[PDB]
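Note that one protein chain of the assembly has been removed; the remaining protein chains are unaltered in position.
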Amino acid sequence: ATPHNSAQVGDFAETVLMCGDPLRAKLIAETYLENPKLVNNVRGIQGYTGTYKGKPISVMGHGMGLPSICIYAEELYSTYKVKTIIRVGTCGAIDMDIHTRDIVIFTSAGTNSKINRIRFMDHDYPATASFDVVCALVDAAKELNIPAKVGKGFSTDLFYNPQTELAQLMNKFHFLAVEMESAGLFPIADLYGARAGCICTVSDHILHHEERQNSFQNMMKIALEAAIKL
Amino acid sequence: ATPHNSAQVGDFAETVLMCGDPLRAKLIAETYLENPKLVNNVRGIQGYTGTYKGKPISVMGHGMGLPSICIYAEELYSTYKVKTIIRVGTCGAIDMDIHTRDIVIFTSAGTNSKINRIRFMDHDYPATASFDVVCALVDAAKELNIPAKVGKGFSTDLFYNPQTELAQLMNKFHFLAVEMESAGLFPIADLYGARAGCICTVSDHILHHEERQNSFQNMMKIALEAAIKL
Amino acid sequence: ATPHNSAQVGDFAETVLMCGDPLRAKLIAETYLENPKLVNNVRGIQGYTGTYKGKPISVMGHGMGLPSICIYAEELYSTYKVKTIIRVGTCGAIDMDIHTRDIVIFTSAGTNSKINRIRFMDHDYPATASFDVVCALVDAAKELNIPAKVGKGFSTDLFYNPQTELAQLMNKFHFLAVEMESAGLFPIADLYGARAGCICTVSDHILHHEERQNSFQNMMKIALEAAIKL
Amino acid sequence: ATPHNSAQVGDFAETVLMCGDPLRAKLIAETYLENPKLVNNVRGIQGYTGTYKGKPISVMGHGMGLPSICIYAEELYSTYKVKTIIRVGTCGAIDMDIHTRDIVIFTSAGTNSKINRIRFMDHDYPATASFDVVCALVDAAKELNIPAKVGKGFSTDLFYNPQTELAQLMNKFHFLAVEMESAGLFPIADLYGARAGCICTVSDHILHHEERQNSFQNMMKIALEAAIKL
Amino acid sequence: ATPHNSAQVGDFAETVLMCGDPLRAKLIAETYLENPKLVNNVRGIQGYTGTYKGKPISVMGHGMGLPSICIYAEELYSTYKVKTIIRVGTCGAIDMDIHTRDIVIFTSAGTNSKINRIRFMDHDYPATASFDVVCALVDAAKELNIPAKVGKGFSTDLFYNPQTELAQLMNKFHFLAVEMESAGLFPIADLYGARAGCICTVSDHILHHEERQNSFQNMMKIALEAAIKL
Partner (left out) sequence: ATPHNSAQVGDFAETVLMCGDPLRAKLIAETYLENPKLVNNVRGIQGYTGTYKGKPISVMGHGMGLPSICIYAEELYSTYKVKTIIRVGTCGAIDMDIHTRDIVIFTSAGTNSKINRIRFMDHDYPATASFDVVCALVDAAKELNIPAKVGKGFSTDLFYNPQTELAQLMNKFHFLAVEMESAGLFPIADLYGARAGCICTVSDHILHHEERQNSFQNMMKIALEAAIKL
């Protein structure tokens, strides 16, 4: 019922997992959901809804960047009355102690975007992950006993960042990893009194380049279980 | 050879047409190119290369938003040595005299993004379309005798814009239409001494909602011919 | 050994509780610590160190505003090798569902300050509370079974804010309460690979004015116990 | 009928050529217009109106800087119902391939001014030259067969720019030349649904100092003829 | 010896009076200086040097806007080793208690320009008038017993200001009058360890429109005498 979604209210579960890659979503739909049904494929976005441990859960792509994820997340909350959105995906390690394949759970996300300043009267909005979702994720990691780091992430507008010193600065402040959507996502969830969260598997390290599926599967378990808890 | 493209240098034509929808690109690939070959489908992006009037031309999706298109455009220029990128797609009419289905050729694009300020020492960068591409497009429209408006466009970071007064302001300054990529695209082309341009078919009017394929096909002709001229 | 502290390295415990009022700190020192010794009273700041359940703990005032708390927090981390700083105090309720006397635990803090933009290359820094401290506080509340809300806070530079619409905006985004130090505190902790956190008792509601000690004592228990856990 | 103009509605032609130097305008008035009549000399601005190939055309000085040209341009459009303003003058080459005496036709103009952000809700306004005026100028150059470069210009607020790195940055993005008025001019034309344009003769190169009248006369021909076409 | 001045080092007095209008400067040169000699008329700027009470003093136009006055002032300080520049001219009353024809002596000048933020690491630079010049002016007014108000002025980049609420805001903060050069002037004087100052005669009131030469002559006396004192 939207310019980017053909699904009707009800086609989506209250809990939706999203990742940038629409093909990764199709994969997750096939691989982890039982009886998954494609509910929306506008712009080949790959929107499915199935079940996990009997619970209804949807998975869909969100593209790259805060602008993209902002369209989808706002529609899902606003139109499809989705209650929870967990962002699963990859990212770039920033902190030196964070290594490739390490799983990271965002508490918050910084950004070089202007979106939040535009929504927050040009002030500093703390793009924070829903504490419930952060707890469910961390609990799920604990229960599964899957090591994972928890802290700040960075949603960059520039994948190829001209400001080469930013990386180092972030390291000094111990930002865990960098991606391109969380910062835009979190505030939207707030606006709708809904919940948002993010957990990514470090695909590489930006401050020095250093089996990769096991990490993805582990991140996916942590996410799926946390969804049940939510 | 990139994190978002599997194609090797050479798989892409010097002139590439891009649109947000990866399915629209597949459609254009099938519909308008002869012997199209999928050169890249990372993130289901839908990258093809074929020929038109015997000339090599590629078509690929670029997602939504300056962050997304910025990744692709930079890689195509930088890695695949693409010389020209024409953005074809839809947009929202802003000016009152601009109506749905009207075809628009961007001279430049404004934005509420921070990307260009980040690349231009926090100054006003005039995200301008390559004059060659603007000429080729306008000439193609003239030759084909297909009416089309030429002027400013707006690349919004917020599809659903909280600043409801912006629309009206843009109308006062006669911005033709609003989309989500041009502003990011144009400066990247400049940086690489390459060429960029945009031509969109107004899918709707934001200041008041007011066969749609004929307009698309007309926009597509104007673009394809302009590519030959380029 | 500083321009604002006479105490020598060692006079402060690894865990320090701070509040704006230097008299409140003296009160907490007397009331909750055993054998408290005034370690610093430069600018009548009221710095004490004593014990709680046998563990060493310091309490000191931090003044009002990010500039003030930024001087103290940086010195404590940098010079006195303090590992944890929990901010205890009052605040103004913003969210409609938050009421006077309700205890609030900050996950993060937004701000209309420029400090963080100055430290973060003019980007959005997510002033986030240390997850360990947020957990210890929430666990302590759970163990003590003392209801408390957890979410975003706002560190205003303007106690008397000229931008009368901000309050309402924050309510729309569900900011829990507003104070004047957290936002400055959190990033400094990050810079020093240390920990920071905040828990305040809502002294009033800014969107409509609506025994007060019981709430303070409850907040104080939650804080003291969380400190032991840390 | 204004604080900066004594001329009454009608004293100015629909097409007005302006340059910073009021003496250059007097020169152009004498040299290129037939039967020129001084219509305004408030602040010795040097406003004339005469004819060229029988068509009415005015020439006047506009001072230096966006603030100055903004006063004049707004009055001419608003009060004297001027339809077209072509800015003729000098500038500093920025691009390495651009040399002294080269004639440049602006497509758009960037700036380190705050004026446009003030008129555009603190967003990036693409100070673009009217496509009609850009075409008329380029056509006139083509018809006259006078080589001229077409691209971005920069309207600096600081002739003596403290940010010594800006120049180099602009070169990387291939800005053609730098002046001090276009950026302010273009948006005003838009606001009045009128037309603006600029064509300057490079008086020097800022990135390395490298008969000068022939270039001026050529630029002047291109401008005068383009005016007839407009 | 500059792009905007033909005079050689020595042609200008250590103390220079400047006003926007080049014709007003010629008038002041003729009217108030003995044996005035035109030292520079590039861009018809009208630069003279003569004597007053036997002391050498120059008068020259500076155009409109911070960009214009910034070129001249920097050259005069830098190249012509001018020690003092007093800005004389007109302005618009802002404060309700300030009336047309009232003479105003600026202590400082605010602005909506970006120039000073560009010179001051994007911080708030207090564009302040040299205390010596402010004293000399106020003393001269006192000695001459010519009533004059002393306080903040505003250097606008937009003579025709789109932000119609600014005026009222300035009134609330009691800004005395608005012009277009001081704010740019003052910081340049600082940079050169030189002196700058401003004294204007209110030509009109912006918050409500309410012999005019007597006021000008009085302002001129105050300025000339203050120059002798300097």
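Per-chain numbering from 1; labels A, B, C, D and E assigned in written order.
One rule holds for everything that comes next: a residue touches a chain if its C-beta (ideal position, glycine included) is under 8 Å from a C-beta of that chain, and two chains touch if they have at least 3 such contacts.
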{"item": "Hidden-chain contact residue, picked from the options C:60, C:70 or C:194", "value": "C:70"}
{"item": "From C:10, C:44 or C:193, residue that would touch the chain that is not displayed", "value": "C:44"}
{"item": "Contact with the hidden chain (one of E:99, E:174 or E:212)", "value": "E:174"}
{"item": "Contact with the hidden chain (one of E:16, E:29, E:60 or E:109)", "value": "E:109"}
{"item": "Interface with the unshown chain - residue positions in subunit E", "value": "107-113, 116-117, 119-121, 123-128, 131, 134, 150-152, 163, 165-166, 169, 172-174, 183, 187, 190-191, 193"}
{"item": "Subunit C residues that touch the omitted chain in the full complex", "value": "20-23, 41, 43-44, 46, 61, 63-68, 70-71, 74, 112-115, 118-119, 156-160, 162-163, 180"}
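Just so it is clear, only the chains that are shown with their structure count from here on.
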{"item": "Repeat of interface B-D, chosen from D-E, A-B or A-C - more than half of residue-number contact pairs shared", "value": "A-C"}
{"item": "Subunit A and subunit C: spacing of chain centres that average the CA atoms, whole Å", "value": "30"}
{"item": "Geometric centre distance via CA averages, subunit E-subunit C, whole Å", "value": "50"}
{"item": "Residues of subunit C touching at least two other chains", "value": "122"}
